[PDB]
Structure formats: C-alpha cells, structure tokens
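Engineer: Residues per chain, in single letters:
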Amino acid sequence: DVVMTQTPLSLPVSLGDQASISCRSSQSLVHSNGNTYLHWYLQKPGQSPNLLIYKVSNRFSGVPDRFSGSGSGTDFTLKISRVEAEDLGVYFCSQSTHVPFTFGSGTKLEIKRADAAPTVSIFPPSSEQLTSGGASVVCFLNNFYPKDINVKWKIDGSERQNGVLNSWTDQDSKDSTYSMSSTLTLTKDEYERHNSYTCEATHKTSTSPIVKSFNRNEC
Amino acid sequence: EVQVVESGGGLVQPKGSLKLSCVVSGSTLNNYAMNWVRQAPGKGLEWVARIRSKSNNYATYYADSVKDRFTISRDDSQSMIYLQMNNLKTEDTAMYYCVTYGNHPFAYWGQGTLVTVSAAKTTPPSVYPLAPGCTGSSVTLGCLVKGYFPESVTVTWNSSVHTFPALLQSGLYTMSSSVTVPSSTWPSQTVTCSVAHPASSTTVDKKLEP
Amino acid sequence: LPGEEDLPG
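Each protein sequence line maps, in turn, to chains E, U and R.
Numbering-wise (our numbering), the first sequence opens with residue 66 and increments by one.
Numbering-wise (our numbering), the second sequence opens with residue 18 and increments by one.
Numbering-wise (our numbering), the third sequence opens with residue 66 and increments by one.
If you're looking for bench data, these hints aren't it; they were derived computationally from the structure.
Just so you know, even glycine gets a beta-carbon here, dropped at the ideal spot from N, CA and C.
Please note: incorrect hints may appear among the correct ones.
[Claimed, not checked] Beta-carbon label-pair distances, calculated as ranges:
#1 E:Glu255 x U:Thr220: 27 to 33 Å
#2 U:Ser72 x E:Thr267: 25 to 31 Å
#3 E:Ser87 x U:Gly150: 47 to 53 Å
#4 U:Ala216 x E:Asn98: 35 to 41 Å
#5 E:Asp130 x U:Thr180: 36 to 42 Å
#6 U:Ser169 x E:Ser87: 46 to 52 Å
#7 E:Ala182 x U:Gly27: 30 to 36 Å
#8 E:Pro129 x U:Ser169: 31 to 37 Å
Given the sequences, and given the hints that come with them, work out the whole structure.
Structural biologist: What follows is the structure in structure tokens.
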C-alpha cells in the first residue's frame, strides 16, 4: 500500500490564474529500471477519468500544454499555467511502480469567490410523516462559501448525533456557492417527548452560530 | 481509436455473485495489460485487478480488498476481459471501469458499468412537505423524499431551486429539494413539488401549505 | 494502440 497523499484536497482558483497540486508517495516511485511510474488524471463530473501526464512529465496526446508535471522520488507537482473552465474537476495522481497500484484521494479544483454566510431555515415534521410514526426535522443551509461548515442539532439544549443525515450540492454554476441539507430523523416517540429543536450552523464568515429553532408545542 | 465497453452490471444481493465483461475494439493484437478500476458513489478511484499480456504469462494481480473474492481473466481470440466477483458486500457497490494499460497508463476507459450490491426491493418514496411556521422578504420551502429504491427520483417545482444528492439511510435512499420564492408569492400562489419515482410508477404532487 | 504495457517484467 504505497500511500498517495495529495495537497490540497480542495483548491479554489480564479480562472486565468496558475494552479499547483502536490502529490507525495509514502515511498520512492523510482523503479530499478530508472523509470518513475507516477501519473495524473482529471475527472470531470459524471465522466471517466482522462489521462493528462504519465511518467512524471510526459503529456498524453491531446492534452494542452498548459498542463505540466514534475518532481522526483516521492515528491510530485502538477501545474496548470492559466486555469480554464474546462479544467475544473477532480485531479488524481496515480502510481504504478508498485503493486497494488494506488491513487491519491483527489484534489477538487473549484471556483474562488468571496466568503458568504448560509441562509438557514428549519422545518418541523409534517403531519403526513407524523401520521406514519416518524418525525424528521430538516434544516436547509443555502448559498454559502466556502463549502466547509459545522451543523449541530440540539434537542432541549442537549446535542444530538444519532439520526442525522447531511447532503451537500456541488458548486453552483452561476454564483459559485454551495448549499447543504441536514436532516435529523427521530421516532414520533422521541419527538413527542421533547419540545425545543435547534439547528446551529457555524461557518468561517462569523464566530457566532446561525441558530434556527422551533418549539413543537407551538406548531 | 481504441474503444472500451464494459457490461454485466446490475442489482445483486449481498453474498451474491456477478460476472462483468469488457470488450476492446480498434486495438492492435492483445499485447497490453487490462485493468479494472472502481469508484464508489462520491469517493475516489480504487484499482481492483490487473491482467497482463500473453508475453507476460497473463499474470494477474488484485487489490487486497477484493483478493480471493474476485478473479480476472481474458479471452484474446475475442479481445474480451472478464471480472468474476463472488461473495459481494454492500461496500462493493461502485461504478466499475475496464481500463487499458498499454504504452500509456490507464489511458482508455469505458463509460463504466454500475454494480449495486443491496438487499432492498423497488420501493416508492414518502413525499413530505417542508413548510415554515411555528418571515422576511423571501421564503424557503422544500420537499423531503424519504425511503425509496432504486435510485433516481426527479423533483419538479410548480430557478431558485436546490436538489440535494440522495444518500443511504437504512438501506433506502433519502433526498430533499428546496425552493426560494418571494414572500409576496407564497402562500398566495400555489407552490407544489412533484416527485416522480419511475421504477415504482409514482408521481406525487405535493401542495405546500402553511 | 494501445501498444505494449509500459511496465517492467
């Protein structure tokens, strides 16, 4: 298991700027035969990966000269000289010097914009769901940047971990923001046993959480 | 141009077996290695198996995670590659790609074949309205689409819409969709989410009310 | 191609 470590895992870029991605191996990728079998792939959403660079610095046929690879031993860099919209996607480094063949985790090249705090809203369980014996509480956290965000659920002041499901959109094509849905699923039994339901979102835009809540008995 | 096409994917029960096939077209002889690489939903690339050319004694190699559950082979008289998977686990759920390794590493990929390893049966979703109130100039509404199988619903609103990727929750899928309208427009104008789950033959049209 | 596998014996 030659571990392939890519840095950073998320890379915000302004179009037209240079970008560099680091890939480091847990051991040397230099083979006895003098070759270094280290390669780079780009994967665009809903597509098979495309080869960019093989054996450190060789560009594959059809790949624009704005992509270049370098490095040696355990230390490798892909550079894109002037990023284009076409270049956005997930970059993977690959080693094939050692079996098992391994891949880096992927570096997602995304659009840099101004930080934006989420618009947050909370929704109680529907009467429909409650009739059926379940009770999902939902929080939408919409149009924020960057994508990193901490959502905390609280019931009657105490934090809750179980029954929470979080889903993020991909970066918006128009405004370059992200959105996320957080759903706490309880039993109707737990729901009818507690009264105060809160979703708290902390994001780098502010040191204070965005707090949204309701009281069951008021609905 | 060399073309690669995988096939044989589908729905299989845990502990079950599945053979995937691959054909390479527009190629010169069979003097190259072939690989299978997989990708679990929302995850990275995982190399799975490698079979070398005749010249390299058709040598085979496997990822530790699949070794001795998977077997790879090749029939060069038809330029076919095979992946036999046994004792499948829910974690083997992935898109499976057949990939060439000739002069260039992992150069030519198929579009992939989808393998879902699951015990679930084809199930309609419950469609739940998400309405505020227990305001401001804009109001956000939503629909929660819970406990369906297999994947792929479509929510349509009757664009300030967000569609949140489906995730697994107790062996079934759950997704949600939000819409933001000026507060002047709802609840004065009807707002409805229409949720279609083609596999179960369902369309739910859910009017959102305060 | 794809050509000969460009990896050692």
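Engineer: None of the hints should be skipped; say for each whether it holds.
Structural biologist: A quick look at each hint next to the structure:
| no. | hint | result |
| --- | --- | --- |
| 1 | E:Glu255 x U:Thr220: 27 to 33 Å | 32 Å, holds |
| 2 | U:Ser72 x E:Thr267: 25 to 31 Å | 59 Å, violated |
| 3 | E:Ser87 x U:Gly150: 47 to 53 Å | 50 Å, holds |
| 4 | U:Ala216 x E:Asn98: 35 to 41 Å | 52 Å, violated |
| 5 | E:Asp130 x U:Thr180: 36 to 42 Å | 38 Å, holds |
| 6 | U:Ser169 x E:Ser87: 46 to 52 Å | 37 Å, violated |
| 7 | E:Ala182 x U:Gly27: 30 to 36 Å | 44 Å, violated |
| 8 | E:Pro129 x U:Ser169: 31 to 37 Å | 35 Å, holds |
Checked against the numbered hints above, the structure breaks hints 2, 4, 6 and 7 and satisfies the rest.
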